[PDB]
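Student: For reference, the chains in residue letters:
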Amino acid sequence: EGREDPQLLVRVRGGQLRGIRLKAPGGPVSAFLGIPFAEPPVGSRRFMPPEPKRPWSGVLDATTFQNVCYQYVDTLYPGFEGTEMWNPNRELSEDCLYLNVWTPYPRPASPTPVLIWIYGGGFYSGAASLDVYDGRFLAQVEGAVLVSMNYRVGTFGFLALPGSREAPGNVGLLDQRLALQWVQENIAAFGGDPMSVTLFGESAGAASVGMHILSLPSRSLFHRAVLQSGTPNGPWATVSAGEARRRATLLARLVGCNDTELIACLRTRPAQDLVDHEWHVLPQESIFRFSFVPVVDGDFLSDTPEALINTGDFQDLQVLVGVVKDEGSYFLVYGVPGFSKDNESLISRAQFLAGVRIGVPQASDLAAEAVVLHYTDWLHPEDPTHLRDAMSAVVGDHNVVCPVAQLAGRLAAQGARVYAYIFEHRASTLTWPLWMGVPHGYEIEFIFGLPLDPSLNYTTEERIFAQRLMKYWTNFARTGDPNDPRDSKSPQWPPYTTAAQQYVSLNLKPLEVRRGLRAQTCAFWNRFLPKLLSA
Amino acid sequence: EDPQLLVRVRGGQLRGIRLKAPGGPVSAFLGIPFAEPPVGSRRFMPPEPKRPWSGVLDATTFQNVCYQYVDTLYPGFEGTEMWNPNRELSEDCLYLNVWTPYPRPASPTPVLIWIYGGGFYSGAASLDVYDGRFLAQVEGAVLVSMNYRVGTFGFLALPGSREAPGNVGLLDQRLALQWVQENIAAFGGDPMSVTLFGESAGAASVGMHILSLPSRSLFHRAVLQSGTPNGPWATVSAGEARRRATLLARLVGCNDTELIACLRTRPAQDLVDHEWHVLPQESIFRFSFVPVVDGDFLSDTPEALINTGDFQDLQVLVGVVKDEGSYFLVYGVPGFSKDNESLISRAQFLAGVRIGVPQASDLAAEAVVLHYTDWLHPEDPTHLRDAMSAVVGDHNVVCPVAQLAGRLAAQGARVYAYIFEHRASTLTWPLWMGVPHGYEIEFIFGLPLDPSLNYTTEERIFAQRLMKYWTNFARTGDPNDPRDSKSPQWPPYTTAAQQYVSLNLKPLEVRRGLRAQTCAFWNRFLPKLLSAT
Ligand SMILES: NC(=O)c1cc[n+](COC[n+]2ccc(/C=N/O)cc2/C=N/O)cc1
Ligand SMILES: NC(=O)c1cc[n+](COC[n+]2ccc(/C=N/O)cc2/C=N/O)cc1
Numbered sequence: 001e002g003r004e005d006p007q008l009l010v011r012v013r014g015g016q017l018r019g020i021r022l023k024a025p026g027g028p029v030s031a032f033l034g035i036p037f038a039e040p041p042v043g044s045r046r047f048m049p050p051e052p053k054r055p056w057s058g059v060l061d062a063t064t065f066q067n068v069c070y071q072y073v074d075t076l077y078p079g080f081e082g083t084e085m086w087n088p089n090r091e092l093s094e095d096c097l098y099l100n101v102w103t104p105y106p107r108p109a110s111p112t113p114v115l116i117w118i119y120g121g122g123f124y125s126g127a128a129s130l131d132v133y134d135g136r137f138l139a140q141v142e143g144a145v146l147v148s149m150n151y152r153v154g155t156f157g158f159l160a161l162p163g164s165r166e167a168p169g170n171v172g173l174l175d176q177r178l179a180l181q182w183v184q185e186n187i188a189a190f191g192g193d194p195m196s197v198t199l200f201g202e203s204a205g206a207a208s209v210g211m212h213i214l215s216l217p218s219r220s221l222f223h224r225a226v227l228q229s230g231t232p233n234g235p236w237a238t239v240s241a242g243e244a245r246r247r248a249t250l251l252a253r254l255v256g257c265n266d267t268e269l270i271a272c273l274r275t276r277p278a279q280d281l282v283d284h285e286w287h288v289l290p291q292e293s294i295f296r297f298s299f300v301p302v303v304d305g306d307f308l309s310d311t312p313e314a315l316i317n318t319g320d321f322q323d324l325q326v327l328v329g330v331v332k333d334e335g336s337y338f339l340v341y342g343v344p345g346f347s348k349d350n351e352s353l354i355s356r357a358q359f360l361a362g363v364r365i366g367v368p369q370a371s372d373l374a375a376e377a378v379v380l381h382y383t384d385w386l387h388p389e390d391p392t393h394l395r396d397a398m399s400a401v402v403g404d405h406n407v408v409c410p411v412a413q414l415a416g417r418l419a420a421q422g423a424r425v426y427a428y429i430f431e432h433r434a435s436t437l438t439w440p441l442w443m444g445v446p447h448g449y450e451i452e453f454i455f456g457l458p459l460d461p462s463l464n465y466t467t468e469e470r471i472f473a474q475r476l477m478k479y480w481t482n483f484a485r486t487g488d489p490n491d492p493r494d495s496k497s498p499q500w501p502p503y504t505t506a507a508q509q510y511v512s513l514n515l516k517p518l519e520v521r522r523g524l525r526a527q528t529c530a531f532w533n534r535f536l537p538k539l540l541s542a
Numbered sequence: 004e005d006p007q008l009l010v011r012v013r014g015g016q017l018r019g020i021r022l023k024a025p026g027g028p029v030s031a032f033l034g035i036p037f038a039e040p041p042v043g044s045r046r047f048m049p050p051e052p053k054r055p056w057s058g059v060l061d062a063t064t065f066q067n068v069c070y071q072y073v074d075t076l077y078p079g080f081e082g083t084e085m086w087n088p089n090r091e092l093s094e095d096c097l098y099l100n101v102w103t104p105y106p107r108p109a110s111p112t113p114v115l116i117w118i119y120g121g122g123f124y125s126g127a128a129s130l131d132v133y134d135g136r137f138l139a140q141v142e143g144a145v146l147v148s149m150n151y152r153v154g155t156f157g158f159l160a161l162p163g164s165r166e167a168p169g170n171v172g173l174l175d176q177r178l179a180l181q182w183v184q185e186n187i188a189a190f191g192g193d194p195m196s197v198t199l200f201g202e203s204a205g206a207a208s209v210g211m212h213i214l215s216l217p218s219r220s221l222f223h224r225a226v227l228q229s230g231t232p233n234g235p236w237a238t239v240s241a242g243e244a245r246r247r248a249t250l251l252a253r254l255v256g257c265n266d267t268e269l270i271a272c273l274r275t276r277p278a279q280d281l282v283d284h285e286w287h288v289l290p291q292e293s294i295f296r297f298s299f300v301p302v303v304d305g306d307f308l309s310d311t312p313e314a315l316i317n318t319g320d321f322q323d324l325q326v327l328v329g330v331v332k333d334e335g336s337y338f339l340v341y342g343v344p345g346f347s348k349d350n351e352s353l354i355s356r357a358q359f360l361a362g363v364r365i366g367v368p369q370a371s372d373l374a375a376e377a378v379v380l381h382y383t384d385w386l387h388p389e390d391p392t393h394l395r396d397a398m399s400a401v402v403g404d405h406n407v408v409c410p411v412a413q414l415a416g417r418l419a420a421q422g423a424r425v426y427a428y429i430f431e432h433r434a435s436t437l438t439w440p441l442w443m444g445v446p447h448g449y450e451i452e453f454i455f456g457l458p459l460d461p462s463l464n465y466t467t468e469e470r471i472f473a474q475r476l477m478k479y480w481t482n483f484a485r486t487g488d489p490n491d492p493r494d495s496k497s498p499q500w501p502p503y504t505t506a507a508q509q510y511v512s513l514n515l516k517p518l519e520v521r522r523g524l525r526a527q528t529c530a531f532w533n534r535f536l537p538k539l540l541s542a543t
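Protein chains in written order, with the entry's author numbering: chain A, 1 to 257, 265 to 542; chain B, 4 to 257, 265 to 543.
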């Protein structure tokens, strides 16, 4: 204070922050990285809801990203950029309840709609500091205020002994909520408009967006929601209390540990230890299942997300939801024998039948067989390309595409304004093999405008496309309508309705309007497969 | 005394009639007895060979139609009456007809034996659509069609009983086949090129002869139009037969002997009267008295027999029409009538599915419903109505044909498949029914060649192709024109390629996968579903 840049000093409820002038392609952005928003959920506060960050004295340095929440680091393909980019890029620490604010520089004159990013990562990983989450471009180019919060992933954030006091579960969501509160209270200090807060996120982040939609206390904290390749409903995003309990207790067992005693013990265990074992607690060989995820606690989540979407009403809600061309593929290389990033993963019907059990771990044989039955191309039932692609499709449809359909469906049905997309563009920079197509999580860098960074080798059409997506997103943030209110030479993105089921393709090509998110196959997943469990 | 019209078969002498076919004359020997009238004590009994007769049996007129339900749902309406008996009903109806070229062909000629449909409860070999004159004249075929007992008379089985062993309508047919073997040379027929062909139940029977050992020496090729021995309707288990028999017997006021005797006492029409009360569910495309897995004629389930059989010295021509199921929707599926577009509501669809797949558990019905629902257009009646048509067609004919065509090929039979896509210009059912069950027969039999029938000339030409495929198939085991390169070729249906041709007014187009996905559902998952629940 005195010699430094007047435009980078902001006070927030917790006290004084000094941010950083960051270079974006189009010019400078204000950045306030690693702002604490909670008391470090450390020591005795492990598993506990976050507590509001106690005000600090002097100026907090908000110039660099803070610690990433303690998490499993993926090491299946070490060195590989396609997994590296998701890996923590800051120190792993339980003290990681920090959030990031990008805004134009200078900060916007008039209150500016807020985008709050919630990262995915299966609820066991992710960090708002990942390069693909860099909000400088949306800040710079769209003049948006962008906020991303770390929240506790894995056990630290989602280990629950439901009903207990010391590990009530969902605290990762509560961290998220707490940041959302933080934005309400503090965002105006940055020229953010607390009255125009959009949540967007992807994979688990989307599920988290969704759960905020579905959780009353969160509802007053944002106005519009974007769920990219994630939904709070679906087989992966939550667990029953019983399952949470069973997993928490087994994880306990596995590290050597009445809920207090158990949790107390868990709290004496080193972070790493918990991480080291978080994945041993899954009931089956699974892909796209994660150990510690939001629990249906009958608190944060009053009931199952399934119920909550089926029955709640979503009047004041505008929701942009969508999927990528290939939700499944990514998950295939991490547990489905046959699959790899290093070959074309042409599998056998055996390997498929197998992968279906892994992909749909919750399936009884009959269910699994229905899956196989549905996805087999009965012309080419032995066809490795088809089976590989089917396997992709199964995992993607089951965990992402169909829940998204269900979600957009029920949401529209219940008077929410829903825009739907399928993002069909494969980053020209993608390092995954062509077979994986546009895999889970690979629209994010476009939404964020990474292509705008010339030093990132994206093609010029990827820059144009990036701005387009950024337009959509920020338009949607701004108005609850991704559409450019002026510009109408460009085709409209109709709301997804139950009657029309319209959604747009997001390619390099202009918006193509399609009907039915896998309407047919999703009938299978959303309508039939449930009934096949009931017997 | 035209000696062309004069044949001596084993049983004595026949006087045929010289019939005019559009391109010349044919010898028709109609009303030829091939079994002792299955009357009186003989009712429900296997047919015994007709006793020899004195003098010259007038064989110029069709004989009685086997005693069957006459359909009344739309009286006077050509669309239904065309299937109704066009002769006097009578249990005394074990006669076959032979058309031949006139003159009697010089060299032994491939015989096609037609087995009519009629759900095993009706049909007759005298109906115009089974007129063998065209195939005799145009294609030089010796064409035989028998009557075989239908309904209770042909198929009321008290399995294991002496006096209603079951499958006697099939035995009737087997007898006609023996009769052809024993007699057809006398007509110029080649008892070494006998091709059975038939539709609906006529196909199931054709298939049942494929599946029945005694029948195998009685034909070489088989053509199964729009029906199969496998599948939901063509057979019943012994227990279900017994059940329906005993039930029918209850309904007409009656150990097996003591019961059959009583059924024996009953005027035909009394049996026919109650023939329908005996279906376990409010069904469609389900018939009360059908061949029974008796462990005898059918040593095991057609599925068992088609899964496990060896079929490598067998050629089969199988196919379906575009709308197998539609026809059946008007006969018990609320909301369907030939007298509107039958645009149904979602509810009527879920309902018209427990009637179409009557044996479905709610789960299986739901399975069917979710499968057939166009989720882009979930409530659009045009779809629901077509899906209904589809459900019933696929369930009953298409997919059964699929499994059959698949199993036969797998197990070494040479198989040709088709989907018949041409709707007759003269069709009397409304358009929404498309190409209903049964409506390729007119074409195969070459009826469009009779100019007085007001078939378009493009249909005349089509009929001719079909007759040519069928008779080529009859001649050679291969429907393809054995000299004629300007194609395309009808490839054998194989389990790999699953190729089959559309028969329509365009040239053959080869499609692959006979509703592969949908039949997957029907032939793979549905069994598993009910096979648990
Ligand atoms: N802690 C866990 O539950 C866990 C940890 C690691 N994996 C495997 O990491 C592979 N991987 C890598 C990236 C993603 C994407 N997440 O949004 C998902 C996955 C999981 N597939 O089953 C699964 C579960
Ligand atoms: N005896 C019976 O089981 C019976 C009698 C009459 N019908 C009604 O006739 C309508 N109909 C008319 C023609 C056909 C075609 N058969 O190949 C089939 C059907 C049956 N649909 O459920 C059905 C069963």
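Honestly, the hints are just simulated from the structure, not real lab data. A virtual CB, placed ideally from N, CA and C, is assigned to each residue, including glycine. Honestly, I wouldn't trust all of these hints.
[Unchecked claim] According to the in silico footprint, chain B covers these stretches of chain A (three or more CB under 8 Å from chain B): (1) 128–134; (2) 368–377; (3) 382–393; (4) 521–530.
[Unchecked claim] With the C-beta cut set under 7 Å, the calculated list includes, among others, these residues of chain B facing chain A: (5) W56; (6) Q508; (7) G523; (8) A542.
[Said to hold, decoys possible] Label pairs and their calculated CB-CB ranges: (9) B:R356 x A:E91: 55 to 63 Å; (10) B:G242 x A:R522: 47 to 55 Å; (11) A:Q322 x B:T436: 42 to 50 Å; (12) B:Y341 x A:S495: 34 to 42 Å; (13) A:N317 x B:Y341: 32 to 40 Å; (14) A:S495 x B:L441: 48 to 56 Å; (15) A:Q527 x B:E351: 18 to 26 Å.
Student: If a hint holds in the structure, say so; if it doesn't, say that too.
Tutor: Structure-based check of each hint:
| no. | hint | verdict |
| --- | --- | --- |
| 1 | 128–134 | violated (count 0) |
| 2 | 368–377 | holds (count 3) |
| 3 | 382–393 | holds (count 4) |
| 4 | 521–530 | holds (count 6) |
| 5 | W56 | 55 Å, violated |
| 6 | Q508 | 6 Å, holds |
| 7 | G523 | 4 Å, holds |
| 8 | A542 | 6 Å, holds |
| 9 | B:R356 x A:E91: 55 to 63 Å | 58 Å, holds |
| 10 | B:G242 x A:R522: 47 to 55 Å | 49 Å, holds |
| 11 | A:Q322 x B:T436: 42 to 50 Å | 58 Å, violated |
| 12 | B:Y341 x A:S495: 34 to 42 Å | 54 Å, violated |
| 13 | A:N317 x B:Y341: 32 to 40 Å | 39 Å, holds |
| 14 | A:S495 x B:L441: 48 to 56 Å | 41 Å, violated |
| 15 | A:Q527 x B:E351: 18 to 26 Å | 24 Å, holds |
Consistency note: the structure conflicts with the earlier hints numbered 1, 5, 11, 12 and 14.
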